[PDB]
Structures are given as C-alpha cells and as structure tokens.
Amino acid sequence: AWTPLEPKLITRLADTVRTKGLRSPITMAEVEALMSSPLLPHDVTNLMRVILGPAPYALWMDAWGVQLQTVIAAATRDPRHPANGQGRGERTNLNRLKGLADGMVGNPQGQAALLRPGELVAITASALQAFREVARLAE
Amino acid sequence: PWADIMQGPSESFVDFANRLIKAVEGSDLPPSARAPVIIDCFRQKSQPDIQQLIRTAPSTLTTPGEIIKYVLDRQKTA
Amino acid sequence: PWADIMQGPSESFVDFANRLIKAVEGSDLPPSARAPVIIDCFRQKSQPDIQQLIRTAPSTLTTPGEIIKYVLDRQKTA
Amino acid sequence: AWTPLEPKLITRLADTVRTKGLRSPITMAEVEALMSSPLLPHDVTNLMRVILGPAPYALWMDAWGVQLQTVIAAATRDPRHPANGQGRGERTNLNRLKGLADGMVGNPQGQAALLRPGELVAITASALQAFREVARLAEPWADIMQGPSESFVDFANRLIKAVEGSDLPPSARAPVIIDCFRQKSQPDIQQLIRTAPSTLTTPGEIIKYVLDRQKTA
Amino acid sequence: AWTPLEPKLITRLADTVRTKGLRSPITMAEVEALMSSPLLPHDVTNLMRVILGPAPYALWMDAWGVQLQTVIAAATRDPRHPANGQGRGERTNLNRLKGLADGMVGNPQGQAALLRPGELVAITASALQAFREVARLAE
Amino acid sequence: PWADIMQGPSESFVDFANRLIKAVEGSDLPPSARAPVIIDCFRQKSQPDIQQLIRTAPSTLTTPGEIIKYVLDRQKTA
Amino acid sequence: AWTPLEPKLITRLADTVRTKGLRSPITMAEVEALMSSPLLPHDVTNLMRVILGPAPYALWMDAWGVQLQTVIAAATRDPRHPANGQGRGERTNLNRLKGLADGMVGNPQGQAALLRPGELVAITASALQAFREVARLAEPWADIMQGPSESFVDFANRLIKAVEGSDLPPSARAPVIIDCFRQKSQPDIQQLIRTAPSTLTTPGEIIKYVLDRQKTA
Amino acid sequence: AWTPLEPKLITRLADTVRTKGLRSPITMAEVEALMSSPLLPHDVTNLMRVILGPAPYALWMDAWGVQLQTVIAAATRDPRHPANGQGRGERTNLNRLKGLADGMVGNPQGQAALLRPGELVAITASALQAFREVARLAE
Amino acid sequence: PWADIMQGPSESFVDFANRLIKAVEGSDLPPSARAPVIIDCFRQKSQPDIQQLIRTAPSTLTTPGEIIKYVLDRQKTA
Amino acid sequence: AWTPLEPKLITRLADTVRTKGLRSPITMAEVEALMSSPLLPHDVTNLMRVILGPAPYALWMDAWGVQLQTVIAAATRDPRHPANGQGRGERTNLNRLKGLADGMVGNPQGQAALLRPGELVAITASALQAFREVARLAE
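Protein chains in written order, with the deposited numbering: chain J, 10 to 148; chain I, 152 to 229; chain A, 152 to 229; chain E, 10 to 148, 152 to 229; chain F, 10 to 148; chain D, 152 to 229; chain B, 10 to 148, 152 to 229; chain C, 10 to 148; chain G, 152 to 229; chain H, 10 to 148.
Isolated chain J, as found in the complex:
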C-alpha cells in the first residue's frame, strides 16, 4: 500500500532548498533524510517537481535518465541484479524504472504493486546521484 510523504516535511524541505541552496551539506542531509525509505518513481518525481525550480527540474530529469540508463546497462551486464530476475521474463525495462510501463502511468498504487524492492532502491540511488550532479552543476 502506498503512503504519500507529508506535505509538511516537503514544505520544510522546499524552504530549506530555497534559503540554503542546493549544495549546502544541510540540504543534502535533509534530502538523504527524505530519501530514507525506498520511494516509488511517482514520489521522487513529485518531490523534485516541488522542491526544485523549473530549470533545475529539467536538468534533474536529464541526469536521472542518464543514471537509470547506466543502471540498466549494468543490469543487462549482470543477470543477478536485485531488480532483475533469473529468467529473461523479469528483465527490467526503463519504462518500468521511470514509471512509464503498463499499469503504472499516473497510478502510484499500481506502481507500488508491480515494482520490486530492488527496483525501488535502484531508482532511489539513481535519483540521489542525479540530484548531486544537478546541485554541483547549478552553482
């Protein structure tokens, strides 16, 4: 069952990003805090939509896609990925990682249903690395 993040925590994090900036160690610590439980693509996408401005959000979408592509290359380079399965029918496509696959587009409940925990942690680590890249790039 999907539970959304508190809008109070999200508002506090947005104001933190607004006053301290993207690169302060306190901001990265707060992001790591709100990046503790494995989030669904819907959660991370809306979180970055709210806390980041338009141009940093575009940059972050780009960087997140690139990092997820590196993850999928490593996944096709190793059939023992915690997102993959043993047979070929469990291979994870980027539509399933970005939340674009069938039964997931716009629906967080179905998303949480079909996604694997390894998928969730890989998406989360990818999003964190992308946030780091964009923060280092913006300023």
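FYI, nobody ran anything at the bench for these hints, they're computed from the structure.
Cβ pair distances, simulated, as ranges:
#1 F:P91 - E:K17: 36 to 42 Å
#2 E:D200 - A:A186: 31 to 37 Å
#3 F:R89 - J:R145: 44 to 50 Å
Among chain B residues calculated to face chain A with C-beta under 8 Å, some are:
#4 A67
#5 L68
#6 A147
For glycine and all other residues, C-beta sits at the position ideal for the given N, C-alpha and C.
Start from chain J and add chains I, A, E, F, D, B, C, G and H according to the hints.
Chains I, A, E, F, D, B, C, G and H alone, transformed into the frame defined by chain J:
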C-alpha cells in the same frame, strides 16, 4: 507574455532562464511545445554574447537543461 | 611551492605552464595526482582572460597538453 | 544529315560572351549548353569564329590543335579508341579530326557522312578543353585583402573567384582558400577564426561559422 | 539520353537570385520549377555553380554532402531504398551519388546511363534541402 | 588602313591587337595573307619595348595567337 | 646489452634546444642524429625529459601516445608488422611499446631483452613524429612579401621556412611556394619569372633561374 | 648492418658550410672526407638535408636526380654496370637508386640489405657531382 | 691584347665580335682554348645590356657563332 | 685529280664580299659562279675561311653542319640518295660529308678519290644554303 522576454544588459543568465521558463510553462502553450520554444528563446533572446556562445557549441544542445549547463560552464565571469 | 604560482600580468602562457609543470612535478605529490592538480591550477591561476577562455571551452579538456593546445590556438594575440 | 545551329542561339551566345566575358560561369554554362550534341568540326570552327574575336580565335585554334594532338597520341597508345577501329585501316589521322581529310574540306555534309560518333565526341571534348584554356589565358589571389569597410561575403566571393580561376591544381584550391581566409580577412575575423572551439576544415564551414558569429555592424 | 537545361532559363534564374536574393519565396518557387525533372549530379552542380556566388557555392557543396550522407545512412538502414537494390551489389556509394564513381566523372551521358531514377530523385531532394539550408544561412 | 596602325604610347597591347586584327581581316587582302601580315605588323609596330620582347623570344612564334599569349605572359606590368 | 647515450651529447643537444629553439632545422638535424640507433622507451623518455621543458614534455607525452596508438591500430590491421609475430601470442600491446609491460617498468636491461628491433624502430619513428608535432605546436606564409631592399635568397629562405613550418599538408608546400614566388617577389622578379622561356615546375629551378638572370645591383 | 654518421661530424661539417660557404676548397675536402665510405640514399639525403639550406637542398635534389638519370642511361647502355647484373632481372631502376623502391622507403636497414656496393658507389659519386654543380651555381 | 677589349658605348656588336675574335685568334693561346675564351669574353665584356641578353638565354649557348646569332636576333634595334 | 680554285678569283670574290657585303645580289651571283663545279669539302671550307670573317665563318660552320645533318636524315629516309648506294655498306656518314672520314682529313687528293659526285653536289648545295642563311643572319 513569453515572447516579450529579453535578457537585460545587467541581468544574469540564471535569472533570465528562471523568468523565461516560468512565463513559458505558465502560459497557454500545449505541453509538447514548451521545450522547443524555451530553446529557441534561449537562442534568439539572451543578448548577443550568450547568443554567440550558444551558436558556437561544438555539441548539439537539445534540451533547456543542457543549454543552461553549457552556458553556465563557459560564461564570461564578470 | 606549486600552490603559490600565478601567471603574471605580462607573462606569456607557455612560460607560466612551464614554471607550473616544473614546480608540480618536482614536488612531494604522488605521481597519480599531478595531472589533476596541473589542470585545476591552469583553471584557477592563469589570469581571468585565460580563465574565461578555458571556462568557455565547448569541448571538455581532460589533459594538460590539450588545455595548452586549446589556449595556444584561441589566445588573444598581443 | 547535318543541321546547323540556330543563328539566334549563336547571336545570344555571342552577346553573352561580349558582355559577361569568356570566363564567367554563366558563359561556360552557355557554351556547355551549345556543346550538348556532338558537333562536326565545321560547326565548332564556325561557332568559335563567330563568338570569339580574332586574337582569342587564333589562341583557340592553337589550343584545339594541341589537345587534338594529345588525343591522337592517346589513340595510337590504345587501339580501342571510340574514334579508332580494330584494324589499322580505321586509324584516325589529324586531317580527319580537324576536318582536313579528303571529302571533308569545306563540305559539312560529307563531313557528317564519314565521321564517327566517337570522333565527334572526342573533337567536342577537345574543343571544350581548348576553350577553357583560352578563357583562362585571355584574362592575383595572393594579393587579395578584405578591405576595412568590405563585408565578409563579398571578400569570400572575390577570393574564391580568383583562386578557382587561376593556375593552381584542383586539389590545392581548398587549402589555399582556407589559409587565405585565416591570414587575410582583417584581424577581427582573423581572431574570430583563430578562437574556433571546433576545427574548420572546409571553406563552407568557415564561411558559415563567421557568418554566425560576426560582429553585426 | 541527357538533355541540358536551357541557358535562357538559367540566366533568368540567375538574375532572379541576383535581384531578389536567395530567400525570397519567388526565388524558391523558381528553384522548385527548375527542380521539377530529376536532374543528374552534373546538372545540379553546374546550376548551383552558375546561379550562386563562390562563397554560397562552397556552403552549398558542404550542405549537399551532409544531406547526401544522411541519405546514405538511411539507405544502409533500409535495403528497400529506391536508389538501392535487393542484393548487396546494388548498394549505392556516395561516389555514385556525387557523380564521382567510375564512368561518371565529367561525363553526363555515362552519368545518365548508370544512374537510377530513385538515385536521381534522392539527389534532387538532397540538393533542394541543401539550397534551403544555405539560403537560410547566407542572410 | 592596316599599314597605318601603330600601338600608341599609352595603349595596352590587347587593344592594339584587336584594332590591328580587325583592320587586317576587314580589308582587301587574300585570306591566305592575313596571318603573316598580322605577325609582321606585331613585330614592326607595337612600340620598341614589345618589339624587343618579341625579338628575344627563345621559341619561334608562328601564329598571332601564340605571339599574343607570349606577350601577355611576359609583358611589363604597368 | 643496453648502453646509455653520452651525457655530453645530451647536454650539447639540450643547449642547442635552449638557444635555437625546437623548430630550427639545425635542432631537428641534431635530434635526427641522436635518433640514429633504435632507442629503448627508457632512452627516448629520459632524453625528452632532459632536453624539453615541463610543458613541452607533457605535450610530447600526449603526442607520443597518440602516434603509438595509431601504430598499434595499423598493427592490428596487419599481422605482418615488424613488431608483431605470426601467431596471436606475439601481438604487441601498448604496455610493451611505452615500456609499461611486465619485466620492463624502470629496468632498461630487461627492456632491451624483451623488445624486438621492429618494436624499437617503430617506437623511435613514433617519438620523432611526436617531437615534430610538439615543435610545430609550441611556437604567416600568406603575409610574406619581398621587401624593396631585400635580396631574393633571403626572401626565398624566409618564405620556405614559413611554408614548411606551417599547418599545410606535405603535398601542398611546393605549389604554394611556387605560386608565392610568382605573386610576391616585387614586380621586377615577377616579370622575370613570367617571361621564362622554359616552364619552371620546382622551387629550386625557379631559384636557380632567378639567381642566374637577376639584375645585379 | 647500417651505422649512422656521427652527429658531431655532421654538426662540424654544417658549421663549416655555414662559415666558409659551399665552394671553398676546405668545404669540398670535408665533404669528400664524409663521402669516403659508400653511403646509402638515406644517409646522403639526410646529410644534405642537414648541411644545406632549403633552397640549396631543392637545387641539390634536382641535380642529384639528373645525374642519377645519366647514370641509369649509361647503365642501360652497358649491361656490365657494377650496379647491374647479367640477366635482365637485376636491372637497376631509379626507384632503387633514389631509395624509393619496395622495402626501402624510409627504412635504412632494408635499404642496406637490398642495395649493391656498385649501387652505393654510383649513388655516392652522383651525389658528389650534384653537390659540386649546386655549389658552383649558388655563388 | 684580347683581355683589354671592351665593347664601346656606341659600337655595334658585330664590330666588337670581329675585333675580339681577331685579337683572340691572333694571339699566343693554344688552339683548344680560343672558343671558351671568346665565349667568356662575350659574357663579361659586351656592355651590360648584351650581358643581360646573353645571361637570360633560355637555351644554353656553347659556341661563339650561336651566341652571335642569338644576340643578332634579339638585339635592341637602335 | 684535284685542281684548286684560282687565288685570283678568290681574291676578287673576297674583295667583292668586303665592299658589297654578304647579302647583295651581285655577291650571291658571284658565289653561285664560284659554286658551279662540285667542290670538295676542302675547297668549300678554305673558300669560306678566306672570304668570310671569323664570326661569319663560325656561323657558317654551324649552319653547314645543320644542313648536312638534314641531308643525312633525308638520306637515311631514302636509300636511293645519289650519295648513298644500294647496300648498307655505302651509307654516307657525316664524317665522309664534312671530310672527317678516314683517308680524307687534311688530304684533298684522297678526298677527291673516295668521294662520290652525288656526295659532292649534296655538300655543295648544303654549303650554298648555309651561306644564304648566314648572309640573311649577319645583316
């Protein structure tokens, strides 16, 4: 109005990009027409120093984020 | 001391590069840390005209030789 | 059966040569147009008599003879020339090429009778090359500078014209045009080309880059 | 059999380009008119040599080469190109498109002999797109 | 009259050649006597600088076109 | 057995590079002299460390690596390289060329033991080409005119120097030198070259002709 | 086995040519000294590249070619040339004399391998005569 | 004395050649040394106009008769 | 048997050449007169030595050699020359025409012995044409 936005002589580039993306996304354009418009407004607005900086890009920039990153890297510190 | 080397207002760039590479290679740094230090010293020393010339490089320069070649190509003849 | 060229087309071509000159690309295009069907020696000779003045006509007769002699040397160097035959009795003499052979002198009908199509096309190509030589001869790239007030497209036009209409080999025009763009083209554009983050390896690319990043004034 | 374009039409088109410029809609209409029948590389090359100045002609040679290279990439990406054939022996090289192949250099008759109609229409469309690019670039 | 044509002190050589060939071909001479007359008029008219230029020709010039080409090549640019 | 180069010769070469520069023909001749016997990677590396400054040495390391990579591409494109062998077990890796392979790092004796003579000559030619590139890079022909008072041999020396020490391809230097002799070289020599009864098709022949028939003054 | 000439001797000879000139009897004696052992085309070519300036080097290349052509004419006029052999398969082409033949271009070791001693002495005498001609011509 | 013979400023070339050949053949030189001496005296005497005329000879003149013929052909009529 | 020309006629002809010049029609008529009987190379050579100055004599030697070479080319182009014979053993070399062959050098008697009448008339016509050339060239 997005089509009336110019980068001022003294304005920085991140402020101009913020203002332009705000006015383009908060307008009556379809969602699939915002990125090309933002790019082509970066290229034709954004006073001729940055215009030439974007023009002479050895790589092809196909996203507002990539253009912003490139310009922030190679901008004239002043 | 390598970290105290600045490009003088009247000094050419090849002399500055020679002096800097000499002081960095004849120092106590490990061999695997000389190239990144030379690059980051080219970027932060080397008075702001060449600083902006290196900053606005459409290509990514990942070697002191490549940076030297680029700067020698596009330098302000004077 | 021999059909003469229209005197209207010949008059228009003569006036074209009179106003534009011998070396203009429009004039060479018009000559290529009137050089489309394989012409008999009579046709080309009268055509050059009408369109060219006396001295260019003398020069053209010389050059045409030289080129035809080169053709006949290649023909004696290969018995499979489309003008030649297999046996030795079909070897083509210069009297047959210049229209001086027996049964051809002054008579275009007999000319068209005895001549081969390979003979006609060889004569035609020879005459075209001779016209090119004389045009290049009748009317300096290393002295061309971009004036202080001149635009860059005019300078590029003038330079490319003078370099392509010169005595350089065809494989040496592009490097010369590039290196003349770099050393001529007054120091603002010189520095603009020097500080090119990309490597420009063609005159067209240099022209495009300069037109993009030029100082609007 | 190869028939050359009228020098009268070419002279009128050259004067049109001289007075109206490269980008006027009347000039593009006239070029489309003289670009009606599929032209051999010799025809288009001489046409652009006559109507364009030296620097626009250099730019146009560059652009034509680039567009022909894109065409050849699409051709190696699809063996059913109207310029290609079914077997590998009919694959079309850029020497055959630019008129540089064997039996074609400087000879328009042999050119018209060996070239395909699909080759001709592809060359013609490429030249038209290159003219459009150069016209948009010159002014 | 062809036999009265001289190259003026300030006239170029192509104008003189044009005038002379015109007057010789539009005259009462037989067709087989025009080329030798044009050559011998190039040699004796065409003021003494070009006269000496034609005289000291290491090759033998046997055609008006060849003489014109030679003189145009080796003429004193002024 | 490995024998080091004399430090006396190396000191003389270093002072030559210090006074004359990297691009002088005497310096390139001296380098060719000390590049006569096939050197081991250790020898060439230490030689360039001593004769070149820090920044030219970095540039030279880069260029040497690039040229060696081109050599290894040609080697994988032809199994008959004098550095390669017939079987796949003799294929030469860049660690063996740069002296980084096993049993070679820092030891010139072991280096000389395992290396092939073809390997040595390929390394040496690569290092020479890299030195040429860096020398051309570390320090304009179309702007050279013969001064009103300058002699012709000085002008020819200056022009040939600037043309050969430039970015032109090797196959484009002679035509450019000729066409610059013809258009530069103030109008007395211009007319002297123009009125040449023979056709001059080489800079040496043009120089000889002009030196013969020049106006003694 | 090929052994290069000492760069010390070459430097001394170059400075001799620089101070005394090309035509002094001491310079010709020094050249005769360094022309004692039969040199390979590589050796003489590099020697003249180093000791002569650019324009004298061009003149010397011309003169050397002419003298070698005279030698090859005498060789085809007499099958008993010390460079030739008895059969027709040993006839010496100018590519073999100028070092342009197969297996010789740029490689002095292979050069020394395939060349004959008569070839070497003929090349050497030709180069000496060419040097004399150029020296008489330069001043 | 042959080595003291100069072509006067107003003297023609055939008179100078006659005088020089006379003095050289009626002297104490060996018979095999007269032609080279006559040639080298034509080249160094024979005032600088004819000197330059002989110098700029596209062909190589290897006989006094050939030099005389060439000079008589290309001489400055005056 | 060889009979020399009268020194009185030769003196009169020399004074004619001295007063009237080389090109006067009276001088050419006198030369044709003294060129009536076929002369041996010795006779014509001494005649031109006496009547011509040194420089015209050099020019005449050159021109005579050239004309004799043209004659010998025509002779090798036709085996029916009145100087030639039918077999190859009668082919006439320039040493026999210029009087340089064996048994002729300096001896007019032996000259008259071995020479053919066709040889004599060819030599005479060649000398006359050479005299005409030199006379046209001298003034």
